[PDB]
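Novice: For reference, the chains in residue letters:
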Amino acid sequence: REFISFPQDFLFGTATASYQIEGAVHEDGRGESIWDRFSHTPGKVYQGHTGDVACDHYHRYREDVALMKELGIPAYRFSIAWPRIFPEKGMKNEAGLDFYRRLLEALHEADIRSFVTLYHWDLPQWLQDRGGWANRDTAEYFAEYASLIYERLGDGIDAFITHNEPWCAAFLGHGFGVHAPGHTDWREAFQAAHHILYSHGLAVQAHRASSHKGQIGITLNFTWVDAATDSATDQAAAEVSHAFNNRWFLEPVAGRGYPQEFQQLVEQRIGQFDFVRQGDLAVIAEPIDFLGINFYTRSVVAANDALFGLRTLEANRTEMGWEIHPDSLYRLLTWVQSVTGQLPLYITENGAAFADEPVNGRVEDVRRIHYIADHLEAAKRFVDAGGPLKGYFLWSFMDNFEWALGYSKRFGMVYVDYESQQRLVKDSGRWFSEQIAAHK
Amino acid sequence: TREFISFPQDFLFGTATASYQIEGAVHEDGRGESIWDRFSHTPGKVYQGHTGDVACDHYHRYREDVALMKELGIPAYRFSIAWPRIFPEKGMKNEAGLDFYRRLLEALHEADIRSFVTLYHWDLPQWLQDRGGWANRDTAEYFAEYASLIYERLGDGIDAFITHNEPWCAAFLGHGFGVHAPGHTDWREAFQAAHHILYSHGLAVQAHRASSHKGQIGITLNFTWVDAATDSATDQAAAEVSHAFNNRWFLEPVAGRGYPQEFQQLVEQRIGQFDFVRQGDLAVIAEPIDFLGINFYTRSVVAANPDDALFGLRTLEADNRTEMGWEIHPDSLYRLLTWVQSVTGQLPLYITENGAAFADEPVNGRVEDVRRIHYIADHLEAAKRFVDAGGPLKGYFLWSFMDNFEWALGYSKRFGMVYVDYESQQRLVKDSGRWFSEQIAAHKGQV
Amino acid sequence: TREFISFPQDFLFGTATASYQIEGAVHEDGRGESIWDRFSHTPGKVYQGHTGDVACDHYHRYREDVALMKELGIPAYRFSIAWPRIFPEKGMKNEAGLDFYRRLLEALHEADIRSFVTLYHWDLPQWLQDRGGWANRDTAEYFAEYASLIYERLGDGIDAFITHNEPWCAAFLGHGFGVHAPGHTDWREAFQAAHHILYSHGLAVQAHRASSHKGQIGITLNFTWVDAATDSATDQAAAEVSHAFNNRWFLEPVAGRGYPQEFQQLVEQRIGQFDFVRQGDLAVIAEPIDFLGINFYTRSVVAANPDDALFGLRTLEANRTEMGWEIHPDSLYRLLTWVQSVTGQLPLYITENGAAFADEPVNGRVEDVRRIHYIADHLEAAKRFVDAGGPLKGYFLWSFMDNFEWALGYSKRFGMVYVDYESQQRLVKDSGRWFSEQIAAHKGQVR
Amino acid sequence: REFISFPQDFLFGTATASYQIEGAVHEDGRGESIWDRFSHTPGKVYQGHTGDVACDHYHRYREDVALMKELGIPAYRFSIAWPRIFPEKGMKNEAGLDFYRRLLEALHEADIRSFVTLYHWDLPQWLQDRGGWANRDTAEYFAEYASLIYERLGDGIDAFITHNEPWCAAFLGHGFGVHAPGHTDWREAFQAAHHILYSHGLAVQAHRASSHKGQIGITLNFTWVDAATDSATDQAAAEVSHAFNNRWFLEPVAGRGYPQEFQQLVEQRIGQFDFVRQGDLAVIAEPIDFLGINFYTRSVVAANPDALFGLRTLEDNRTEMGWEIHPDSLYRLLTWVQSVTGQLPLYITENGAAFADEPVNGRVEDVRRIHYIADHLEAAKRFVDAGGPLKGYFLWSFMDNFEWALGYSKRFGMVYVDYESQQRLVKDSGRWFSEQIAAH
Ligand code: NI
Ligand code: NI
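Residue numbers (my numbering), protein chains in the order written: chain A, 1 to 440; chain B, 441 to 887; chain C, 888 to 1334; chain D, 1335 to 1774.
Hints were generated in silico from the structure; no laboratory data involved.
One should not assume that every hint holds.
What the hints assert, rightly or not - Quick list of simulated restraints, FRET-style, between CB atoms: (1) B:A673 with A:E105: 40 to 50 Å; (2) D:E1443 with C:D1307: 15 to 25 Å; (3) A:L307 with D:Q1757: 15 to 25 Å; (4) C:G917 with B:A673: 41 to 51 Å; (5) A:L307 with B:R761: 48 to 58 Å; (6) B:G850 with C:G1159: 16 to 26 Å; (7) C:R1096 with D:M1425: 50 to 60 Å; (8) D:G1488 with A:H26: 48 to 58 Å; (9) D:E1428 with C:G1044: 34 to 44 Å; (10) C:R1096 with B:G850: 51 to 61 Å; (11) A:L148 with B:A673: 23 to 33 Å; (12) B:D748 with A:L148: 35 to 45 Å; (13) C:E1324 with D:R1335: 53 to 63 Å.
Cβ coordinates follow ideal geometry from the N, Cα and C atoms, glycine included.
This is chain A alone, in the form it adopts within the complex:
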C-alpha cells in the first residue's frame, strides 16, 4: 500500500493498556484489581483467560521498548496500573512507581514520546469493595492518585490521559455486565458514568496545579451510527444510539452537558439524576489540552429492547465482528470537530483483529496493512479539510488480553507467542515503521 503524507507536526505511535500486557499480578505489592476479580470469576472471560501473565511486559519491557526504537516509533501510549500504585487503602507503593520510572527512562533513551493513561479499567478491588464508581468518593481517590503521578513521574511524561473509554467502564462494567466489575443495573451504570466524568474533571484541575508542564486530555471511543433505512423510526433509533455511544461523554467534556433529549429518555426508564450535584458539569468541563479519539468501526441501527429500543445489524469485517468502514472515521472526525472546534485531536486507538497465523517465521497479515492504510487515508482527508488532527496511535503494539474475549483477538502489529513470550514483528508492523520513516 502507498504511504500517506501528513504535516510535519503529525505524531505516530502505538498503544497498550496495563492489565492487557503487564502481567506479574502479584509482584512487588500489586493489589487485586477489578479485572483480577472478574477474569477469575467463572463464566466471565472466554475460556477463563486471565491477565495473570499476559505479555509479561513487567519483565520484558526493555526488549519491547527496544523493539519500538528499532522500528523507529516516535511515541508510545501506555497506561499506569492504579493497583500497582495504591494496592490498598491509603497505601502508596514505591515499587509500583519505581517500575514506571524505569519504563519512562527506557522510553527517553530511545527518544520516544509517552502518552500515559491514568485509568484504563483496572480499578483496585478495595475501591470496588467500597462501591467503586457508584461511590462518589472514588472520583476523589482518583484525583489524589492522579496528583501523585504528576509529581513523581511528570518529568518523563509528555501527555497525560485521565480516562480511556468511559463508556465501556460505565456501561459495559455496570450496565451490561460483560466487563468488570460485571454489574447489571442501569441506574448504577449512569451513576458511574457521572462519577467517571467527575473524576476526569478533578484530575484536570489537579493537573493545572500539578507543576507538570505537559498536556492533559481524555480519550473517548466512538461508534458511528447510520440508520438502517430512511424511515422515521429507524432515523429516530439511530439518533438515540448516537447520543448513547458518542454524545453522552463528549458533550459534557465540551461544556454542553448531557444530551438533553436522551437524558429525559434515560430518566424515563430510571428516574431523576440525584447524583448530578451543583457544580459537577463545570468541573467535568474544565478545559483540556486535547481529545483522544478511539475509532474502530461504525454501526447500523434499526428500531426495535425495553431500554432504548435499539438493535444493531451484524456486519468485510474484523474477527471482532466489526465492519471495516474507513470513511465512517472521516465522518466521525468531522462531527467531533463540530463540537470541539480547534482543540487538538489525536487518534489514540485504531486497529483491527484478524486471524493472525505465523508461518515460516513470518506473519503475513495483509488485511491489517490494508486496514491501517484505509483509515490513514481517511485520517488524511480530515487533515486536508483543516481538521486539527495531531496524531494517530495504533492499537496495538503487540497482541494482548482483549478483555472479555481473552487472548482470542490479536490486535497487535507484533505477534506474541504466549507460550514462549517471543515478539515477532508482523508484516503490518514493518509497514507502519516504513510509514514512520517516509513521513520523516
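Since chain A is already given, all that's left is putting chains B, C and D with the ligands on it; use the hints.
Specialist: Okay, now just chains B, C and D with the ligands, sitting in the frame of chain A:
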C-alpha cells in the same frame, strides 16, 4: 456631528415598531381585546394610567409614516402584526384586520422598503389569556394557526418573518415579575410560559417551511450583557447565573442545545421538576431558522445578593445613562455579538432593535438630540468591528422609528428618531433621523 | 356555661370542614396540584408561609376523627371532596382518590352520621387553572363532569350535595383582591369567574336531576349583614352597594331572579359590558335546588369612602374574635329574615357558623367559654327565626377541628376540637362538649 | 388436629418483615432500599412484582394489630426498615421513628410482646452505593443505627433481633444473585458474611451499654441435611452442605469460629480470608440472650462433581416453595443446636409453609397449614420434653406478603390478603392457631 460608518454591500438598515405601541384604534374594525388592553386599563399597572388606545394612531397615519420613511430613504422597516386584529375571538378570522396590513404592505412595496414582520410582539388576544394564555400548551397551536394564516394571505408582500419578539420579557416580565401583561406573579407559570413560547416558535417555523413563502423566517431575542461587579468568586458566580437567565435561556434551546442545564437545575430547586417539557419539544423548538434577530440596549453589572431568594442577583445602578436608567456601554454590544457567534456560528444575524430614550424637547421646531446621535454612532462602530472580525452581521434596525407607548413606562420614554407630539399627532423628524438618514445614503453611494 | 336551645324535631346539627384545610398528604395516592397548593407555596401569599401540606393529616386520621364524632354524638358532618384527588390531570380519573372518600363515607355510615358533601371548596386543580380556571367557561363543563362522577360513584353514601362553597370569595377574593387562590387582581376576570361559577352550579344541578341520586342538592353562600354607619344619604347608599356586592350577587341569580341590576350597571361602568353572560345562562343558573346553605359569621358597618375607586365603600372595625370580626348575633336573625324574603319556603341550612379564639390548652383542657357564648347566641337567634316561621332545617358548626384558615394559615383556631399540629393530637375543647350536650338535649326532648 | 401442650413460660406469636408487608416506599422520607432497586430491575423478581404497595401495613397497621389482639396472639415479631430511619448518609429521619413508635404503642395497648428485627435484608441503597456488606464500614453504620433504635424505641420493645438469616443476605444476595443486591461473586459473599456477623457483634456491644431493659439475639435459618445414601462421598457432601447452611454463622456466634474443615475448602475455591481482622470473632461471639431458629424443611444432598462445593439437592410431600414437609427434621435440628448453644434460650422465630390458598364463599380452609403447624408444634414439644430451652414459637407469617424473588406467588400467612381489595381474611389455620394459643 459624527462620521458615518462603512458597512459591506448588502448590509440592511431599517427602523422598528410594535403594533400595540403605535397603532391605536383599539376598537376599530372588530379588533379583539389584547392582554395589554386589559393590563394598561388595570389601575396601577402603567405609568399615570397611559394606554395604547390612541398611541401614534398609526392605524390611520400609516401612509404618511411610510412616505416619511420613503422620503428619508430607509431601505427596510420592522413592524409587528397585531394578533387580535386577525383573530379577535376564538377561531374567527377577521378580514378587515388582514386588509389593513395588506394596505400597509402595498405602501411599503411601492416605496421599495423591505418588510420584516413580527408575528408576536406581546399583544396576546385576551380570549386566549382567558384560556390560560402562555401557561396553556394549546396557545402554541393557536399561534401556529395564526402564523400559518399570515404566510398565505400576506406572504407575497413580506420579505422576512419574525416569530417572537423578546420571549424573555413576555415570559418573565408578564408571568414572573408581573410588570408587563398579563401581570402574573408565579415563577412556575413564568418558566412554563417560556417553554410554550419556544414551542410556538418551532411550530411556526415548521408551518413556514410548508407555507410556500419563499422568504426568510427567524426569531428576535433580547440580550443583556453581564459583567461581574467584582473578581469575587461570589460575584463571578452570580454574573454567570444572570448570564444564563437573560441570554442563555432562549438562545441555546433555539440553537439546538437545550436549556442551560446548571441554571435549570437551580430553577428546579427553587420551583420543581419541569413537567411541561415533553419528548420532542426540544427538537421542535430547535427547528432550523434562517437568521437570528438581536435586541441589545445596555449591559448590567451584576453582584451577588442573598436577599433575592430566587436567583440571588443584584443589578447595580448605571452619569452616563439613558432615561430608562440604562448604561450606555457600546463595547458590550461587540462582546455580545461575539458570544452569540460562538453559539450560532455562521447563522445570519440581524440587530432588529437598538436605540436609546432621551429627554427630547422640540425647540424652534426641531429636536437637537445630539445624545442619540452618539448612541447610534457608537454602536454602529461596535457593530462594524464585529463585521471586521468576521461576524455574520447582516443588518441593523433602529428602535424606534417614532416615539411610542413604552409599555409600563407609558409615553414618558421617547425612543424614536421622529418626534411625536401626541396632542396633534404631528411627527417631527429629529436630528437623529437626519443623521441616520445620511448614514443610509453614504452606505448607498459607496463604491 | 349556658342553657341549651330547643329546636323542632327534624332539626339537624353537625360540623363542617373542607378538604385542603384538613386533609394534608397532598402528594399521596396520585393527587394533583391544586391552586391552593400553588398559591400557598408562592412567597408572601399566606401568613408565615403556612401550607396545607400536612394540615390535620385527616387523610390518615379520618377513622379517628369519625369515631370522635360518634363519641360526641354528632348527627351530621359536612366535608368537601378534593377535586385534584379525583382528576389529577386533564382526563385522568384516579381510583385511589375516589377510594378514599368511599372509605370515609362508609365510616360515616357505620357511625350513623349523615353526610353533606361539598363538590368545590376552592381547591381547583392547577391543570384547570393552567387553562384559565374560572375565567374560562370550559371549566364549568369540567365541573359538571366531575360532579356527575361523584353522583354515580359515591351517591349511595351521601345524603345531600352542596355544589359550591362561598362563590363570592373564590371569584372576588381569588381574582379581584388576590388574597386567595389563584391570586389574580382583575375585576373583569373576577366577575367573569363569578358567572362561570354560577353557571357551573346550574350544570351540576341538571346533572344531579338525571344522576339517579335520590338525595338533595343545593349550594352554600356566605352572607355578611351590612348596617349603615350613619343616617347620611351616602352611607345609606354605600351600605346598599355593599349589600348587593356581598349578599345579592349570587343568591338572587340562583333564586330565579337575575343579577342585582342597579349594582350591576355600576359594575359595568367601572369595567364594561357583560359579554360573558350568554342567553340561557340565567335559566341554567336558576335550576331549582332542594335547599340553600347559609354561611354567616359577622356583620359589617359600612360607610361611604371616596378613595375606593371601584365601589366606594369602607368597613369599620368592631367585642370581636381573632379574625377582627364583630360578634353580632342579631344580624344572623336579620339575615335569615332577608333570605326568606327572597327564597321563600325553600329549605334552609346553616352550613357554617363559628368563631376564631385564642385557644390555649391548660392542664390538658381548653376552656374556651367565649366560643360557648358565640354558638349559644347564634343558636338563640336561629331559634327566633324558627319561631317566626322560618324554614331553617339545620345548623353546621365551623369547624370540627382547628385547621388551615387559608391566607391566615394556622393562626386562627375555629374548631371545637383543639389540634396540636406537632403531634396531630386532637383535644376536644369545652366548646365540643357543650355542643355535644346540645345534641343530646335536642335528641332527648319529648315531643 | 389436637392442641399441643406447652409449659406456662411458652410464648406464641406471629412474624413479619418490613419490606414484605409495609409498602408506601416513597412516603415520609423513606430512602431507596436495595430491594427497591432489585425489584425494579427487570427479570429479577417473579413477574416484576415489587414491594411498592405490598400489604399496605404502613396504613393498615392499626387494623392488623387489632386483628392480632382479636385472635389473642401473645407476641409479634416484626422488623424496622433501615431506609425509613436513615434514608441517606448521616440523616436521621424522625418520621421513620414516628411510624414505629405508633406501631409499638398499638401493640402495647393490645398487650402484645414485640420482638424487633433490626436488619431484614432491606439495606439502604446509599449504603449499597458504598459497597454494602462487602464494605466493613456498613457493619459500623449498623451499630449506630442499632444504638439509635435502643434509645428511641427501647421502652416499647421486649426483645431485639440484630440480623435475620445472614445466610441469605450474604450468599443469596452476593453469591447466587437471586436476592438483592443481586451480585454473583463468591469472594464478595463470604466477605459480606463476615461483615454481617461483625455488624451483629457491634450491635450486641451497643445494646449492653444501650440501657435497654430487654434481651438481644440473632435469628439464624437452618435447613437440616441428610445424605442421599450411606455412600462415603454422599457422607462427605452432606457434611459440606451442613457446614455451609447451618454451621457458618451459628458456630462463630457460639465463640467457636468458622467451621475450619469447610473454611479451608472455601479458601481453596477462592483464597485466604484477608477480611478476618484479629479480634473480629471475639466481637462476633459477644454473648447473646437468645437464639432465633428459622426452620422450614430439610434438604437431601448427594455428591456432585458444581465447581464450588460439589453439592446437589434432590427435592408429593412438598409445599408451593417445593420444600419437603419433614416435621422430625425440626427435632433433629433443635437437638444439634442445643449441642452447640447449651442452655441458651431458644425461640423458633419463623416456621410455616406456602400452600395454594384459595377463598371460596368468604373463607379459606388451608387444612394443610393446620397439619403443618401442628406437626412442627409436636416436634417442638418433643424437644422441650427432652429438656430443651425452647421458649417460644413464631409462626410465619401473620398474613400473606411479598415473598422476595417469587413476588406474591407464595402465601405463607395465616391471614389471607386480597391485594386488590387489601382485605384481611383470617385463614382456617389462623382459626386453629388462635385456639392453640387459648388452650395453652
Ligand atoms: Ni378609523
Ligand atoms: Ni399515607
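Novice: None of the hints should be skipped; say for each whether it holds.
Specialist: Hints versus structure:
no. : hint                             : in the structure
1   : B:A673 with A:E105: 40 to 50 Å   : holds, 42 Å
2   : D:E1443 with C:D1307: 15 to 25 Å : holds, 20 Å
3   : A:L307 with D:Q1757: 15 to 25 Å  : violated, 38 Å
4   : C:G917 with B:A673: 41 to 51 Å   : holds, 44 Å
5   : A:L307 with B:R761: 48 to 58 Å   : holds, 57 Å
6   : B:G850 with C:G1159: 16 to 26 Å  : holds, 22 Å
7   : C:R1096 with D:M1425: 50 to 60 Å : holds, 56 Å
8   : D:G1488 with A:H26: 48 to 58 Å   : holds, 50 Å
9   : D:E1428 with C:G1044: 34 to 44 Å : holds, 37 Å
10  : C:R1096 with B:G850: 51 to 61 Å  : holds, 53 Å
11  : A:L148 with B:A673: 23 to 33 Å   : holds, 28 Å
12  : B:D748 with A:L148: 35 to 45 Å   : holds, 43 Å
13  : C:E1324 with D:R1335: 53 to 63 Å : holds, 55 Å
Against the hints set out earlier in the document, a violation occurs for number 3 only.
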